[PDB]
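Dumping the structure here so I can ask a few things about it.
Only one protein chain is missing from this complex, and each of the others stays in its spot.
Per-chain residue numbering starts at 1, and chain names A, B and C are given in the order in which the chains are listed.
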Amino acid sequence: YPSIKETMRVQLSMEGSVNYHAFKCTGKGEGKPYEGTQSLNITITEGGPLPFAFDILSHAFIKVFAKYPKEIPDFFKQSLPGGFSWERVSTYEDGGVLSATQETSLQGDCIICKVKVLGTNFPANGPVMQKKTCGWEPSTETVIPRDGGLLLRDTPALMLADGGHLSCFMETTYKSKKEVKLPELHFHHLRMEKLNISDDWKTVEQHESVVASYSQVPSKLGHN
Amino acid sequence: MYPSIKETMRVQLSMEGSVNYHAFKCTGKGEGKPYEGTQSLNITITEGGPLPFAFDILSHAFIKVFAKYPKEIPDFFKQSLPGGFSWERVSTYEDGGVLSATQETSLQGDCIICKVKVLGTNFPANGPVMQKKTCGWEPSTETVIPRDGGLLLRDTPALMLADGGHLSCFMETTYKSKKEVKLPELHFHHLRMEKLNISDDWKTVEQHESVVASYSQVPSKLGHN
Amino acid sequence: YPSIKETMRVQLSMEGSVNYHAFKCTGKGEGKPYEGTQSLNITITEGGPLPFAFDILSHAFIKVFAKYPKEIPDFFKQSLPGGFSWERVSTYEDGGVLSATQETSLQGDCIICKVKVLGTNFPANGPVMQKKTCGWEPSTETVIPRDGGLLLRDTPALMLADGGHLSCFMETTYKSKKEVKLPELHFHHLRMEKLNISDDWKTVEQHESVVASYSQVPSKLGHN
Partner (left out) sequence: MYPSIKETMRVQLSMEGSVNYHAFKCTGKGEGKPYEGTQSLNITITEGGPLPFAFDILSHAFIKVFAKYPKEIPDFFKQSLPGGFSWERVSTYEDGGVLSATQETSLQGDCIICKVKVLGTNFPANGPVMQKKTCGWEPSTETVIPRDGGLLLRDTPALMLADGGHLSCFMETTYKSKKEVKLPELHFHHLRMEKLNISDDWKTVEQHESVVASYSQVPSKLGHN
């Protein structure tokens, strides 16, 4: 795809608040867009050590890094040169709601990301606010074409310190500055993991691998 | 090995309920391959005449015994079949509709008997469901989560519309076995449920389904499944 | 309104299931439709001891009994002779969902109610399934006119044994068999209370008072 090299650089900035607590973050990283892998070194610049689980911000911290087959239009690689944006509502089973908005642009080999986050109504004595989470499980997101843009839906499961799971629903919208050849309905298979965390809980390395594809299960109706 | 579950198993199903003020009954006669993960069901609407709502909203309610499971992942449904198990579900549509369901699964001979109860409300009067503007479900992936000696299954299936778009719903399904069973770790079901035939008289519909259970095939840096 | 006396009788039948548990209930009672008051003696006829709190069934156990002012059309009293029906989704903050459908008809002075209920996804160790509820608080429901029928919305709070509250969102639809005159948007002010429970826990007396009204806070735009 035009102006997308085998290895790309990432610059990220994030600001916002969760349950009365304001914070700011920055990200330095790289990855292989065609191989579908990426890494991000995240420093928390404002708001000290977070009083809530860092995990609830992980989804917000670039679908450019996604392995796409020849047969399926890659919305994200097409949209990058002209720029694109995404917005998300993440609704947790115990009451928490995390809203996010993001702008993505390209300057040379640098993918610059600007994120705004707003979270409210997280149970004060729940796993998120008490920092009793242990990273997300792998998941698969449904990519739905909707009027010029995309709508992505997922039900990711967050691992808990007690050995259980906290689930949330995700609804993500995508809008491109330029007009792009839309894909048919398909899936993203994700695995997002925290590799390293600094002692003071300020610096955290996050990795992600993404494979895009149609369903693996055969059709009786000749459908994808 | 599962002694009572053969290569081919037969299905006897009964459904009763109502959607948007309209009561109905359905019966199902089917067969499947539990280890291949394939099944077929011949559905006849016995009461409530021709349905005033899209049949597609009943399809998920019409048996996870027919799922291809790998050796390394415990099969809850095959383990639970002899003793009997039940499932319950809330399906929440993006435009207001909510469909509730409860089901009991038991085994008599090689016949898997299913008793389903359905209750749907608040579907918009001029929406695609109540105007029958739906064109079957897309394939989907369901997340299988162990909880409290049972299972919690979560999905975001997409329903194809006559206009060429999609109507999405959220599904949350609970599972309870009568006997204590060995619970699997978190994993996935990859599904494709298709109507092979819809009779012209609105009385009969053949429905097929293939299911594959698996962990994520995307590599882990933490050595996680 | 025709065929509606000062005092009317009630006959009710309920069937359904909550969290895998099938049950049946019957109701015998009376009330004053214009005074907006009613009493119902509920006997649990099938399903032995209920494993869930009886409180979650209380809303499903007759809007005919509502004190209506002259300036607001009474949908329920208009619809009663010809018959009307209602359907409801009650979504609890901790995951439980109770679905209901009901038919209302008149035979003489006897209001006949046929209810079916389907409840799922209630947390196994939550206050509902552990029966740690203590009746509902009073509430106020918003009556919204919508295409020949009604949509009613409420956010009722259920009192808990611990002293806190468990809240749910209610969305109730109404359809009349004969076309009636729809009101403008207004409110119901409700108080539904259990007055008595039998020693064998099979019989419970439930009382309800309802007052319909526009908002009592003054308008600057001359709006109701």
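Just so it is clear, a residue touches a chain if its C-beta (ideal position, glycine included) is under 8 Å from a C-beta of that chain, and two chains touch if they have at least 3 such contacts.
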item: Among A:35, A:94, A:171 or A:184, residue touching the chain not depicted; value: A:171
item: Which residue of A:100, A:159, A:168 or A:204 touches the chain not shown here; value: A:100
item: Hidden partner chain, touching residue among C:3, C:7, C:45 or C:215; value: C:215
item: In chain C, positions touching the absent partner; value: 135, 137-140, 142, 144, 146, 151, 153-155, 157, 164-165, 167, 169, 185, 187, 189-191, 193, 195, 207, 209-211, 215-221, 223
item: Contact set of chain A toward the excluded chain (per top definition); value: 16-17, 19-20, 85, 87-89, 95, 97, 99-101, 116-121, 124-125, 147, 171, 173, 175
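Methods note: only the chains that are shown with their structure count from here on.
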item: For chain B paired with chain C, centre-to-centre distance based on mean C-alpha positions, whole Å; value: 32
item: Numbers and ranges of chain A residues touching at least 2 other chains; value: none
